[PDB]
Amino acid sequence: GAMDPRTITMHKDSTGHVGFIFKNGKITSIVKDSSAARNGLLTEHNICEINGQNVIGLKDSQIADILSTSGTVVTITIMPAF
């Protein structure tokens, strides 16, 4: 629910992308018509886990690298914040 973590499974498109951008670990925009959009990834939520790995505290370059090098399945657990 509103306060709670949610886990979203996405699949990469033909160029290896799932459909979002982020900054300082927070998702900031979803790409229209993407896997992220279809599967309900949310903006203003922090990236907690990717493919079951906790990434809290990692810098953006590392989160980016994990996303870019992932296989086609990308599962992300996200968390709201105030």
Given for the second form:
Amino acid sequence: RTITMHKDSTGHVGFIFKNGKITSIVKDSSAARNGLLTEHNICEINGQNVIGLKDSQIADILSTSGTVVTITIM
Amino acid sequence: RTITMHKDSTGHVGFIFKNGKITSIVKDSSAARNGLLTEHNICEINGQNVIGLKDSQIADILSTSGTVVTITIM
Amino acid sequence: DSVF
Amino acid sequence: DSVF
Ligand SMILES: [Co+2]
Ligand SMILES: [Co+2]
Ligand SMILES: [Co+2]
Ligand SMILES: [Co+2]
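Following the display of the form deposited without its partner chain, present the structure of the form deposited with its partner chain bound.
Next comes the full complex, this chain leading.
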């Protein structure tokens, strides 16, 4: 349930989340091409367990990540 | 060059912008269905001229708008 | 970035 | 909302 994505020229892989759960996918994005889908909880980012982290704490992980971002969902 | 959109259940019409210019479209969104496209400058929102407003000032207009949001682009 |  |  692990997806590898790559940031675009604006620094985004292409998803929106809330309460730990993916809610929207950006058109023409890495998230779109790699088949990330709404309504699933985020379990890991770059192999780190993020279950139970606050959205701002997940956002910090995402924003500070380098170009490649791997995400595991439940 | 005027598009009428409708906020979804998360309160979004489905676009990202920077420096007054649309940069991304959300999949399955009102912006997508109504044919908003990247790389154009935002001229008006709900009939108000926003040329020259800061991104935060455009964001306030968008966020405080009711359900229907009309946008004109150059 | 912010979505609207 | 924020996009990532
Ligand atoms: Co599923
Ligand atoms: Co054009
Ligand atoms: Co951003
Ligand atoms: Co929002």
